[PDB]
Amino acid sequence: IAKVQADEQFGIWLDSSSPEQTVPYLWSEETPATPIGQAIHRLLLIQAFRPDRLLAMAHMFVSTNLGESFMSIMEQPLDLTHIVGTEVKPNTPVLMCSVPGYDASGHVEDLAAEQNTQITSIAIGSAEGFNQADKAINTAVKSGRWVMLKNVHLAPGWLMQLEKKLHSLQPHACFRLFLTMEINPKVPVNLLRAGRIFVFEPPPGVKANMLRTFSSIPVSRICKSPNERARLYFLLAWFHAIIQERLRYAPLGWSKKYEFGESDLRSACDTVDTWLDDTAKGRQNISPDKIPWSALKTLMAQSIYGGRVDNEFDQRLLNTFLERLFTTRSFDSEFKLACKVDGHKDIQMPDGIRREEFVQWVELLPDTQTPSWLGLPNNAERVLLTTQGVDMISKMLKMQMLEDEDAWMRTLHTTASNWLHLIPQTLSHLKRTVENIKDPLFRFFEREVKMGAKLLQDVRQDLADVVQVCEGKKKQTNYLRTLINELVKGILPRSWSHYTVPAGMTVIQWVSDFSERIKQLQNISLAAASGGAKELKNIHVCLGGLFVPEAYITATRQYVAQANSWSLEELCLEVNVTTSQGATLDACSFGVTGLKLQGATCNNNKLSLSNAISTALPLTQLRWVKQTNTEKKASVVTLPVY
Amino acid sequence: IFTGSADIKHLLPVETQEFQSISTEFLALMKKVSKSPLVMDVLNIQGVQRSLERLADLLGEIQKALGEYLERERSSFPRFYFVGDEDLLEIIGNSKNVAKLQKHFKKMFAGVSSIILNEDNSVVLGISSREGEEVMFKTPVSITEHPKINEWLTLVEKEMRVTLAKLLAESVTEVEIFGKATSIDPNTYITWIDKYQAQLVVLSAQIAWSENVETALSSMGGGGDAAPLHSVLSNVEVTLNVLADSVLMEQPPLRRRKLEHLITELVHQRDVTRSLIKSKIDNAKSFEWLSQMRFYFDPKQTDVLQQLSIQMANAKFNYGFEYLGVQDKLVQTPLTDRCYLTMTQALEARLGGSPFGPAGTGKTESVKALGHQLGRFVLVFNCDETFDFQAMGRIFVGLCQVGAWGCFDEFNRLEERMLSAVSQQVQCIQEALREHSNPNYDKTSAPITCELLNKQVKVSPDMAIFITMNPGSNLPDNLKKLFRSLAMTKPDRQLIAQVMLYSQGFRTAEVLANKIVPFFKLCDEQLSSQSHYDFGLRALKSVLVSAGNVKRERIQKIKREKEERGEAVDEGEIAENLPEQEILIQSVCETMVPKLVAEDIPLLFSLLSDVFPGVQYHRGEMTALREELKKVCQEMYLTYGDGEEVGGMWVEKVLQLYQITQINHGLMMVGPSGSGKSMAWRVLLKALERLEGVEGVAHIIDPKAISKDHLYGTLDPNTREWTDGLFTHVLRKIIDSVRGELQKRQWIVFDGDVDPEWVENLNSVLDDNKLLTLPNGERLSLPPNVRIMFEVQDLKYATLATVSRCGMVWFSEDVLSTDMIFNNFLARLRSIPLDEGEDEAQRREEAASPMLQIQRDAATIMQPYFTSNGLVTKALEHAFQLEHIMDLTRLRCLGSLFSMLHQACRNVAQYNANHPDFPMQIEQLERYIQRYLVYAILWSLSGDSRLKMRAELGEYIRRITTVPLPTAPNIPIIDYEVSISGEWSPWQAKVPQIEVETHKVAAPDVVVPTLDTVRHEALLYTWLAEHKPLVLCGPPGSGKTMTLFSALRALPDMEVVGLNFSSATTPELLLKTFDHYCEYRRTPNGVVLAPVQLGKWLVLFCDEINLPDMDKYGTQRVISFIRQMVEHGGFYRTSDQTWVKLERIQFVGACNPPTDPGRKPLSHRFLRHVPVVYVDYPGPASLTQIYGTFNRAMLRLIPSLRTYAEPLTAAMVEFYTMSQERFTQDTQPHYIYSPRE
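Protein chains in written order, with my numbering: chain S, 149 to 790; chain X, 234 to 1470.
If a hint is listed, it holds; no wrong ones were tucked in.
These stretches of chain S come out as covered by chain X in the derived footprint (C-beta under 8 Å, 3 or more residues):
id : stretch
1  : 405-415
2  : 418-424
3  : 433-445
4  : 449-456
5  : 707-713
Once the Cα atoms are required to be at most 35 Å apart in a straight line, the calculated DSBU-like pairs of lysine-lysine come out as:
id : chain 1 : residue 1 : chain 2 : residue 2
6  : X       : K713      : S       : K546
7  : S       : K586      : X       : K1029
8  : S       : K429      : S       : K484
9  : X       : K1181     : S       : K622
10 : S       : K598      : X       : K1107
11 : S       : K429      : X       : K511
12 : S       : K781      : X       : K754
13 : S       : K429      : X       : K518
14 : S       : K372      : X       : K549
15 : X       : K723      : S       : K405
16 : S       : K298      : X       : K676
17 : X       : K977      : X       : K336
18 : X       : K688      : S       : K334
19 : X       : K1345     : S       : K622
20 : S       : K586      : X       : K723
21 : X       : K691      : S       : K298
22 : S       : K598      : X       : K1345
23 : X       : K1029     : S       : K598
Here are the simulated distance ranges between beta carbons:
id : chain 1 : residue 1 : chain 2 : residue 2 : range
24 : X       : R771      : S       : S645      : 27 to 35 Å
25 : X       : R305      : S       : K237      : 52 to 60 Å
26 : X       : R646      : S       : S165      : 47 to 55 Å
27 : X       : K714      : S       : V347      : 17 to 25 Å
28 : S       : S165      : X       : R771      : 56 to 64 Å
29 : X       : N1018     : S       : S576      : 58 to 66 Å
30 : S       : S645      : X       : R488      : 55 to 63 Å
31 : X       : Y1189     : S       : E583      : 29 to 37 Å
Hints listed in this document are in silico derivations from the structure and should not be mistaken for laboratory results.
Where is the CB? At the ideal position from N, CA and C, for every residue including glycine.
Generate the whole structure from the sequences, applying the supplied hints.
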């Protein structure tokens, strides 16, 4: 803290694009540190200050240890020739595991063309596939040919039978069997144990998705009459880029990782072809204004692409994208496909009419790509990397294992001890009278406080038993040994989360959430016991500490409706973000503390788009007013509360 | 096949002769085998192997020929693929008996439930639906000219299609008049609605509206003239006003359904015409009209399957003219229109549909509505425990052959082999359908064929497969590229309730729906979670239909009272000046409040007052039934109420049960034990027999103590004859009406816990079909005079399918207060005699007996201690704080206390019998009764706890009572008996000291008397007189078994039978004990089981009641059997299926606490009946007495050491006591010390 206070040019390091090349010397030392010691010192500094670059910094750490060229073989095309000619035993099938919607058998066909080897390619769908695959393997096990089975994840039991057949096989020294499959946990574990694994991911980027989309569609369909349809296909291809890379940026790009696959593209091409054949009636040219834009927008926002969409906000996002792209204005030569790319640049749509001009423009795309291509802010990339940065560290926490014998429980004794010492021992319960049933907020707080007290008792008894195990006081039960292994790897067990809980989150942030949650529950329980029911409105309630906030919203609605004698269908919502300290609450106003605004800054109930990832909102006064039948102003935006 | 149906022989004569020869050979061979059943003798018959192989080949030939004949018939008439095997042999074998063919039409066609025939059964004149909707054929089918079954079945299908098309043409020709008239006569419209069927009415309305809108758009021409669209909108608004005025009258339910469907369709027409007018659409080829669903009728088409073409976006379909009867119309929400768009886009792309989402969002009903609107046969296959794989290949063949639709609700719930096999078949069918894409290539369909069940099956282009999924999850990988998914995460409930209310004649259907829809979500969130609460969309729809019925009832009542007076009655006028929120709150309360628990009813009323401000619900006053309830409850010593009194809630619950019997024919009482549910139905029955003057018969059956093969009957596995079960005998006795039983009203009450196994056959009669089927094959219809009832403690193991069909009443514990129990006890004791036996029980007066007067005086004495804030209630609420070996049920302690006070008045009568010179005077009576009440409260509450809690309860009683307790400082009050005089007598003074001989020093039949055994012996002597089933528990070795045996053998009339229970005790143990000791004798009152030893009361010792094992459902068969003997005074003989009664039978039992590993806790319906005593270890004083006696017995061999007897035993006790302080069970489970050591 003293060194970061004393340093003058620290600030340019704080917002640097790649600060890990210029980490400042701040650590106090007595002997001159080694290059690897300097590397771990700057690694800790990068982890502390700017974790977004942290993964990249980890690469430089490997550059300090095992050479600069260590990961240099990844970003090269895969050397299949040397591996299948030298490194693969003929009784070992080569497993090619790709993601769904992606294929890698073209590599096999290219290798079979290059090495001059005959290949029997068989896709498997039924028992005829069983018979043909067994006949092909029984002939090529003597002839020494090459046999590929494609999409073999569909029949796992027959794959178990095939592996048991292959274990007793004595093949020719150049017979090679490939099994190409999707990455799916329906595969047996022993085939991945007894095979050569290869992972084939598509290259990330908008441009590569456009190349794959344009390669998928035949040229004979695209080059049909009328001439405008290919232009539309380019727009359709752009649409299949413009959300799929957005699927890389969950939860900011979409609420969940939807299954926007190849069949959506094929159905979109089919409905575009059918509508253009119904509209043009075979003519060579039609007007851009006579294209049924509403038909395409509706059938691709509701039928083709929107069927997988369940959230209405993602449906609104898809409809805004479709209304921003699939118009007649896109046919104009001055259309910007992506505005404010890197703040000031823009992406203009090419003016060609034939397909090859579009392919040339797509090939002439710049190799630099920012999230502003998709409409996202650039700092979302700054989010996404550091999300994966967390996904590094906990994974290494999974790899701690137990092997240091010739101190896991030696650390875990103190870990469970301080986790016991953090949380209070006993949470008090609220007293049950009749006069606080007329106040629904007390019903909320009692439904909160039993759930909190039971989870407190559960965590306390489990941590007490774990710290008994760490001194040898207790015999290792299956539940206790599983719990102590989960605590070694630092993962949340299933038997610990019992309310609406964030997924994929570790145990230390979990126990910090208990500290804040039952601290807030103890404070509101003491206030409810002391001041009576009337204090229950004036207290500032954090919605994140409650196990259910929609009950709080409905309880505030009921409190207003009972206080002023109005029907529950008549009230509507209003939010005022006040910033002056000690703002006096009104009759229908309830104080909410600790909300976060992602992507904007609010001043005087007025939002402005900002490049900060999050801003801590002050005490929000949530008010319930009468449903006036006023037309909504165009300057009013509906935001979701997650 | 060759003997069950007699007409299969004439169809296959060669196979009949062949099977006759084969049967002759096989019976001769089997007679030769039956001569010698030795295995080596069967192996040594001459030429037996060649003959067996020849017979096997011949039987295989007959089977192959018959299977090919059945497959030929199934390929002839394609709907034969939808029927089972033996049903198909029944259908073809009953060609000359057409009526037997009538029951199979429901599985075959969509709505054709029967066929209307000639009087001679030679012409099939027409067809009918399930709901009585009928169609006469335009051309009749003459079955004499077409005697083959498949021939006249194809003719029936073709003529139904022809008649449906011609009637649709005439209906649209007549309704095009009403489409263009600004003024509509109600009478001609009602004549049109009553003339034609509901699907034809909705179809003609849709076709006429679509044609008029298309003609209006052609007349618009892009000139900006919105006048004809306004004209069509005004016409449909005029029809809305005409139909909403017509639905407010009194209508038959068929025409009410037709008007409801018409309102539901035409309101959507009004909304879409409003949207079309608002969006300023001027061209007929605009997408805002193309995306809406369109119809085009061509009467000039000769082909009867394409006279109506239904189009939506790019998709077009031809109307299959399948009879659907009267289905349920779906409210066309935006979600429904989006579903229609997605599924029609997937069907035009030759794909399949996957509407995925949570349960209850109208997925499968939307698929069914889409299939019905296009008029195709839809078949919903449930993917939860009703998944037969033996017929689903045949079902897929029928779907591909005749052309139909298939829906699979909850495909996520299937297991792996089901999912793999069905997904492979569906994948193969969908790939065959995707071959129909690219018709330019498919100019030759080459009669398209698919691989199914290892054969080749032709595929119709009108067929479709739909899969419904429940995520939370993704589709199987065989079909993920073949199906189009659609998220139904939330349907629009507000529009559904708006159209449902507006179809029920409600004038203000917007604000009322906007109130009621969030109220159900409020009830689902704010109320505590219960497994029988239903806040779903189906319950909301039922609530709205019931609200329409309540409004119609109020309108009819106003019309009747205005008819009686002299006033002019207009239905619109009396419907105008009338509140609708009161109707909705009345229907909501009258549906929901009987299911509510007592803790959540003021939360429900708070929510209901918040949603509906200032609206209150008033319970319907039934004054005559309440007067008969007052008479019956005053007859049977029961407290009464009239709302917010001591007993009002029980009368409210029994009135709710009366209304549920009026509404639902299957009902349950579902509250906890001891809350009045078991006799409230008898009170209602014996009040209805006085109010209506109709005889009431009740049949109480225990469902779990009697096996399913005994309850419903089992068929003979060989030599097949049908044996009736208990329920089937009851129903057969009702339906035969030999004794005129159908004139009376009969109630069958299944007094026992609910379980899915014995109710699955009851589901076929518990639904609206009301038809019980049997393995015999009889189809029995339940008469309307019968009402199936249930009595269950909880629904811990109740399936949803049975609980959805039954109206329920929750009889909570706070319905019954303790004051009602005290009133029942005092009013029983002031009127019943305790010496009458059985003769005067039918006789239920001042000078009847002196014992009645002395118990009346005792009641007068003990009444001030029986108040709400007196002694007994405070002792009960303090004893509920005490822990016991089992759960302290309130009614158990109260019944035990009442029995012991009965024994107190019996003791007073014994004093007056032994001293006839002067009676029991009032002061000594007051002292005896007031001391005995303290003694009886102490025993009846703290007889199930340790000595420290006996001392604690005695201290609390001493602090809160006025009666003087004995002065002695360190002796608890539980050791002082109340004497027959007014003073306390110590038990230590009452125990004798006996000396036992040397020959039996540790014999298992002798006992040494001490304080504890004489106390417990007096307690069993009190409890055994009134035949209460007594149970003693405690740690092992405490001596309960032989104390019970010695006290039972000491009584001169108790004949003791010692039975032992383990984890394999069926009721056959008790039945064999009754067959060994008792006998059945018939009397004109009824058959009765009695012991052979006349005058001796038989007692069944069962040594370990806890030891029978619980089932999968928390039930014990023998314990429920003993419970029904104690509660009902008898059981059922399954061989004759007749009620027997126990005459001189008791039950006593011993136990161990249920914290022991081999024990199970007892049922709360059985724990109410039993008074339970906790037998502790005897303690140091009792053991010094016992083993001082035993060592003085032992030291008679050696005569020089008498004086070393007594100093030994104390030491022999004392060290043992420190073992009981040192070697605890927690250190090691075998560190157990008892007097057995």
